[PDB]
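The form solved without the ligand is given below as one chain in structure tokens.
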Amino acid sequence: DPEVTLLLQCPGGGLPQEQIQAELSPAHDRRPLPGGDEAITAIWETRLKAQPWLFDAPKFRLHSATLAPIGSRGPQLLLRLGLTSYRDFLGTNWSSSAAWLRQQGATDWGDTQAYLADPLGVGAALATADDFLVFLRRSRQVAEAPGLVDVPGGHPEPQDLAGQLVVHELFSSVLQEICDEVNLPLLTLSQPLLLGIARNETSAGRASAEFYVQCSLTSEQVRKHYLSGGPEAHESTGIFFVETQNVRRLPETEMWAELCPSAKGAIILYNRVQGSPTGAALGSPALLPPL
């Protein structure tokens, strides 16, 4: 799967909010382009003169994420974050020249991402009470990965002593994205666990934090809530469910070729961090069938 790379695999079956620190610093921002940020401004102008109802929004930028030594006490992860925008994304990662910016970043800064917006996404492996994961079909008329399969998620918009508020907005945003798109009540959802961070190599290396969330409703009740919003309550065109039993071999199915890179990231991290048992009981052959 060349279109997805793992940046972080979390320990302990995944990390809760209270074990993560963030450092939000202008040292973690995109570097100005070599010939100047006028090139981003020019792309934006062209776009607004065709689609004048579009608007900019601030986004978090991922610089890097450092895991503590495994088995340690105290905070287990440091997220190094900067700020970027939807405009900066359109002028860098989305640009036809994005590969030239990556080579220039290697040359000038020893950092393939130095000249890229790299907005941070969130996604969820969302499990039902009857042990299915939740999938969504993308519209064939959208910009990103038209007609492909996705999981619930989005790109959070901003508003350890500013840090803890930032970690809170990241965990809050994955629940809000599930409530807005799947139409589920907030009280049916568990507190999220962070599984890891995946990069989309088809969008010049931008990263998404992938979370595990449990729902107290069955697949049938989740479907009812999604459909009862009507066509205007969701951006997706359909919902469907795969047994957690069968997610283990999803990369061997015809479904895999239809998954967008960020959904492939969520399923790889679910399989490595929540699947793949380590103990004698769950590792026994009748519960973990060989092949």
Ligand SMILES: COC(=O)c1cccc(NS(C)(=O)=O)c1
The other form holds:
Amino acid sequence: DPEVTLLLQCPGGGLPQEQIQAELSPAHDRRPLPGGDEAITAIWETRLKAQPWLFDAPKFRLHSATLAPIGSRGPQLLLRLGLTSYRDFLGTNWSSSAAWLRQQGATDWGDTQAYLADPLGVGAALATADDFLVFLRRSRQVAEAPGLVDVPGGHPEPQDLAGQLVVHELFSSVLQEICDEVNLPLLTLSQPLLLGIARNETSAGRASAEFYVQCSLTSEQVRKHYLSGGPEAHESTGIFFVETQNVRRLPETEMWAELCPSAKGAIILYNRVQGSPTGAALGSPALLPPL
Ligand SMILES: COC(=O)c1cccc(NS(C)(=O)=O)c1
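Next, report the structure of the form solved in complex with the ligand; the form solved without the ligand has already been given.
Now the full complex is given, and it begins with the chain already shown.
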């Protein structure tokens, strides 16, 4: 799957909030463009002159993630974070010259991402009480991956000492996206576990943190909550469910060609970190059938 690469696969079935450190530093920001940031300003002015109702927004930028030696005690992951914006994103990752910027970045900084906004997305493998994952159908009238299948998530907005506040706002925000879009009560939701981080190669390699959340409602109750919002309560145009049994082989189904890249990352990481049993019990041929 060339539109998704894994940057991080978390250990021990996935990492709780309490085992993650963030470092938020201007050292982690995008580098100024070779000819200067005037190019970003130009693209932005042109866009507002077509769509004057648009507004800019801060985003978290992923610089890198470092995993501790496996089976160690103490914090298991360090996320190195800076700040970007919607505007810097439109002017870099979504620019026509994004492939050229990545190459100038290798030359100048030995980093394909150095000239890119790279805002950090979040997504969820969201399981029901009756062992299904939740999927959403994207509007055919939005710009990014129109009419494709997606999982709940978003692009959180800002505001280990501030670092802990940052990690808390990342975990908080995956639950908040589930409450806003799927219309579920917060109290039906487990604390998220981080499964890993995936990169979208169709969007110049911008990264999404992928989480696992369990809901106490059955699929039938989740559908009722979703639909009871009405067309204005969600940006998606439908909801649907696949048995966890059937997620194992989803990359061999015709559904795979319809999944947007960040949802592909969420399913691959769910399969590697939450699926894939290590024990004799869940390893046994009758519980884990071959091929
Ligand atoms: C490039 O953007 C930043 O680093 C940054 C820092 C601080 C605040 C914001 N907010 S906004 C609404 O201007 O996009 C962006």
